[PDB]
Amino acid sequence: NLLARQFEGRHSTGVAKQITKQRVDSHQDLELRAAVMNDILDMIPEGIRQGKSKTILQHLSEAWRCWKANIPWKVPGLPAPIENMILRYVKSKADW
Amino acid sequence: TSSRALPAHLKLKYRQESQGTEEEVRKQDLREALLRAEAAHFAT
Amino acid sequence: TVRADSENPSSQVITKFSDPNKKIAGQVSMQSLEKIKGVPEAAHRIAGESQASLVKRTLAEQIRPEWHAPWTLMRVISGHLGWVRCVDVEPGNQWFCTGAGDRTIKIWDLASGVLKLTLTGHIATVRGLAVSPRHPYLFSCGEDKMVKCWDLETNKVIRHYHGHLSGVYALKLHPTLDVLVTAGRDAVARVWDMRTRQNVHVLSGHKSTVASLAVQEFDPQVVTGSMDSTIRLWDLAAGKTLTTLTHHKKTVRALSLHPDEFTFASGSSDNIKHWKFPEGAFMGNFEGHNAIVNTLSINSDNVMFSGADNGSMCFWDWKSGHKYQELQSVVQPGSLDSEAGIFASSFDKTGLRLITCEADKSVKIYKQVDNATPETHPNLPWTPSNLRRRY
Amino acid sequence: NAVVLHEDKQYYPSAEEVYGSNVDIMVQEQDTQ
Amino acid sequence: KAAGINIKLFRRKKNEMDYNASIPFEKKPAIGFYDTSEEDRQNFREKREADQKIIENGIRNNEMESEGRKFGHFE
Amino acid sequence: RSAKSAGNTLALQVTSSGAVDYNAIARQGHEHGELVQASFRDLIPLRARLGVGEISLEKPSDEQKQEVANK
Amino acid sequence: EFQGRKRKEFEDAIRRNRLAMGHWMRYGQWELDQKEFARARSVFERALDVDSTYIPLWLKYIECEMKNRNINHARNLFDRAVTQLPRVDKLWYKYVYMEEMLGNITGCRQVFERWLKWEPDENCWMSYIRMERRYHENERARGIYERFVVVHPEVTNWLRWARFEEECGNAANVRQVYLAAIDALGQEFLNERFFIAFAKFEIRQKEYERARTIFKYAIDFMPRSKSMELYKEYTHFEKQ
Amino acid sequence: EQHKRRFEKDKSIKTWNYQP
Amino acid sequence: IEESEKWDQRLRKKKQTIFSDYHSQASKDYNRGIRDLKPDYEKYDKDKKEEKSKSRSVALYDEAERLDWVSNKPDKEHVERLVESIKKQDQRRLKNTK
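Chains as they are written, first to last, in full-length UniProt numbering: chain A, 677 to 772; chain B, 24 to 67; chain C, 83 to 473; chain D, 67 to 99; chain E, 203 to 277; chain F, 82 to 152; chain G, 50 to 289; chain H, 145 to 151, 180 to 192; chain I, 83 to 100, 105 to 184.
Rather than coming from a laboratory, the hints here were simulated on the basis of the structure. Ideal placement from N, C-alpha and C gives every residue a C-beta, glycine not left out. Possibly wrong hints are sitting among the right ones.
Unchecked claim - Computed far set for chain H versus chain A, every beta-carbon distance over 12 Å:
hint, residue
1, 145
2, 150
3, 180
Unchecked claim - Label pairs and their calculated CB-CB ranges:
hint, chain 1, residue 1, chain 2, residue 2, range
4, C, 341, F, 102, 50 to 56 Å
5, C, 233, D, 95, 22 to 28 Å
6, I, 89, G, 242, 21 to 27 Å
7, F, 91, I, 167, 27 to 33 Å
8, C, 247, A, 772, 46 to 52 Å
Turn these sequences into a full structure, and let the hints guide you.
See the structure below:
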C-alpha cells in the first residue's frame, strides 16, 4: 500500500467515508434536510413557484429551537401543509 | 488492499431441506396454516 | 332570400335519425358533415381518424368493476420508537421484519404479532429489508450508508457492502442470481454480488435520489424510479438503460410488480400508472388518490393498495382501475394529527393480510371482511361515460 | 367535581377507545426470544 | 511599451486550464433536420472578422477613455 | 458535391402512411432509438391504442427465463 | 488575458454551484458579446446537459440565435425543444411566431400540424385559425375547424365555426353547420345560447319562418324549467 | 374573534388535518 | 353605431386585458406580439399566383410530401425585422423591469 501510494497518488476521489460516531449528528442533519426538501417538492402543486425550500428549512430550524426552549412557535402566514410537515419532522427529531 | 477488503465468507449458504426452500413452500398450503395459527392465537 | 323554406322537417330529421343512445357524446354524426364544402381530401380523413381514436378511448375506459370485498383493521402492533420505514415477509409466511427510525430491526410473528428478537447494529434509520428466499440471510440498508447481511442462523452481521456516498433508500434481491441491488441518495443504483461483496455495476443514469426499486428475472431486470419523476428500465447484463419513462410529474416513490401479469405499477404525488414490461408501454391511470403515494402493493387476486403520506388508504381493482374503497388511517392515541402517515406496506405471502408501516411508530394489519356477500358490502359506485380522459 | 392530580392526569384516550373493541391491541415493549 | 519595451508577457500559473487554447469542454450542438451548411462556413471570414471588429472597437474605446481622463479632467 | 452528411436525414414518409416523421431527433443516440417514447400515441393506454388487437400480459415462458439467466 | 480572467471566473463559478442557471445565462451573455459563436453554443449545450427542463435557458439560447441572424440554427433548436417538451406552449408559440414573421408560412403550417397532433387547448386551434384567416385561404380553415370541433366538442367551438362560415360568406353552409351541431351535440349538450345564436343568424338573413319555427323547436325541446332567455329572445323576435 | 383574524375532471392534493 | 361597436371591442378587451400562470402567459405574450405584426407584402401574392399556372403536379400549399420546405432560406428584410422586433421586445422588458 505504501509503495502504491508513492507511485500512484491519493486516489482520494470516489471513496466513501463511514460514519464514525463523530459525524453521526452532522450526517443525520443532512438526511433530515434532504427528506424535508423532498416532501416540500412533492406537496407543492405544479406551477407554484418552487423557489421556497430554504425559507421552509429556516422555519423548521426555528421550530426545533423553539421546541428545545419550550416556546409555542406559532407563525401567522404559514400554509397548513407546510406547518403540519414541519411539526411532523420536529417531533421526529425531538424523539431522537 | 485494505483490511476490510480481504477475502472472507467465501461460501454462500443456501436454505436446506427443513429451512423452507422454494419447493417446500410451494408444496405447502399457507392459507389454511395462517388461518389455524390466527385461530390458535385468538384462543389465548 | 327564401331560396328554400320550412326547416320544419330538417330541424327534426337532422337531430333524430341516428343511434339514439350517445356513443361518446361528441360523435359528429359522420354522415351529416360530408355535405359541407371545405377541404375533405386531408382534413376530413384526419378528423375521421381522430373520431375513431376518441370513440375507442371512451369505450375502452368503461370496464365493469368487480366486487373484491372490503378491508378492515384487525391488529395494531405498537412497539417501535420511531417511524417504521420498511417491511418484508419471510418466504414461509411465518414472520415479518420491520426497520424503523430507532436504528432497530424488529422481527414479529405474523400470526400473533408477538415480538421475536430485536436486531441492533445500525447507526441511523433503517430504510430497506429483504429476506432472501434461497439463503438464510436478511439484508438491510439504512441512511448510515452501509448495507448489512444478517445471518439468520446466528443472528449476526457477516457481510458489509460499502460503496455508497450517501444514505440508501431501497434494497431488492434478484430472484434467481446471487446478487442484490441497492439504490440511494447518490443518484446511483448499485449492483452487489452477494458472496464477494463487489460492486459489479453502477447504474448511474438519474439526476437525483433513486427513491424506488424493483428487480425481476426477465428483461427489464432492474427498474428504478427517482426524484426526477423518471422511471428507468435497466439492462442488468450490460448495465445500461433501455427505456426511460417520463410520464410522471413529481418524484415516483412507489414501484411494484404484478406477481402474475408481467406488468408493474408506479406511483407518485399526482397519479398512479402501470406498464407492460418489454417496452414499458403505458397502460392506464389509477386516478382518485390525490396524496403523496408512498407504497404500492399488488395482491395475487388483482387488488392493489396505495398508501399515502397522510394516512389515506385506497384499494384498487387492478383490471378496471377502479378505487373500490377509501380508508383513513387513525393514529394511535399519543400521536398528532400530522403524524398520520404510511411509509411501507406489504401483502403477506397468501395475500389475505395487509401489513402497514406507519409514521406513527405502529404497525397495522388489515384483513378482508370475512362475511363477503356483495349485496351487503357494496363498493364505491361506478359511473360510466362522463367524458374522455384529457391525457 | 373531583380534582385530578398532575401525576394522575391522562391527556389521550385509551387505545380501545380510539380503535374500537374488534382490533387486537398489542404493546410489545419487551423481547420474547 | 511607451518608450522602449521588452514585450512583457503575462505570467500564468503552472496549474491552469488556460481557458483560451480551446473550448473548455467542446460540446457541439446536435445536428437537426435542417442543414446549417453555409450558415457558419459561408462567413468563416465573419467568425474571425466579427471578433476582429469587436476587439478593435474595444481597443479604440480604451484609448479614448484613457485620453478621456484628460478630456474630463476639470469638467 | 462534398457536402456529405452535414445535416440529419430528412424525415421519412413512414410505412404507416404518416406523411412525415420528426421522431428522428428523439431517436438520435441512446443506442436504443427503437425504444424511445416520443409520440402522443405513447400517452394513450395500450387498451385504447386503435391499431392494437390482443396484447398478452403473460410472463415470457421459461425458455426465455433460462436464456436470460444464463446470459 | 482579460478574456481569460473572465472565463476562469465564470468556469469556477459554474463548477462550484453547478445548478445555478443564472451563472450559465450570464456566461452565455458575456461570452456572446465578443466571440459570437462556437463556444457560446458549447456553453449553452453544457447548460442544457445540466438541466434540459429549464425553459428560460431554451428561450435565451433561441433569442441569442435570432440576434446573430442564425435562422437555421434557431429552427433546428426549436425542433429539438418541441420534441423534448411537447406540453409547454411557450416553445410552440415562439416557433409558430418566428415562422409567421419569417414569411415561410408553408413551414408554419406543418409546425402547427405537428402541434395539433398533441391535441392542445382551444387557444392553439384558435391561433391556427387566425393565422389562416390572416392569409384568407378559408378552404382549409374550414377543415381545421372540423378537426377542432371533433377534438373539442363544445357549444362555443360550433358557434365559432358558424361565425366563421357567416364571415367567409355562405347561407347553406351556416345553417347546415348548425344542423350538424345539433345532431352531434344531442340533447344533453344543447343549451339555450346555441338556439339563440342559430335564431339570430336567421334573423340577419331576414328569413323569418325559419327563425320562428326553430324557436318553436327550441321551446318544446328543453323543459320549461330552463327556458327564460330562450323565451326572452323568442318574444323579442315575435313582437320585433 | 381576535385569534381567528390574527391567525373527465381531476383534483389536487390533500394532506392531514390542521388543529390550532 | 359602428363607432360604438369599435368602442364595444375596446371595452370588451379592456376588461379582458385587466401574472396568473405560465400556460396562459404563453398565449397572452404570443398574441400580444402578433398584434405588432404587419404581414401581407408583395411576396406572398406573387408566390401564390406565379408557379400555380404551371402546377403540373402537387400544390404549392400541399405539405403531405413536400420537400422544398426544408430549404426555405428567407431574404434580408425578414430576418432584419426579426432582429429588430426581438431587440424592441428586449428594450420593453428592460424598461418595464425597473
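Hint by hint, here is what the structure shows:
1. 145: holds, 16 Å
2. 150: With a cut-off of 12 Å, residue 150 of chain H comes too close to chain A, as the shortest Cβ separation is near 7 Å.
3. 180: holds, 18 Å
4. C:341 <-> F:102: 50 to 56 Å: With Cβ atoms ~39 Å apart, the hint is violated.
5. C:233 <-> D:95: 22 to 28 Å: Between residue 233 of chain C and residue 95 of chain D, where Cβ atoms are some 27 Å apart, the hint holds.
6. I:89 <-> G:242: 21 to 27 Å: holds, 24 Å
7. F:91 <-> I:167: 27 to 33 Å: holds, 28 Å
8. C:247 <-> A:772: 46 to 52 Å: violated, 23 Å
Going down the numbered hints, you'll see the structure goes against 2, 4, 8, while the others check out.
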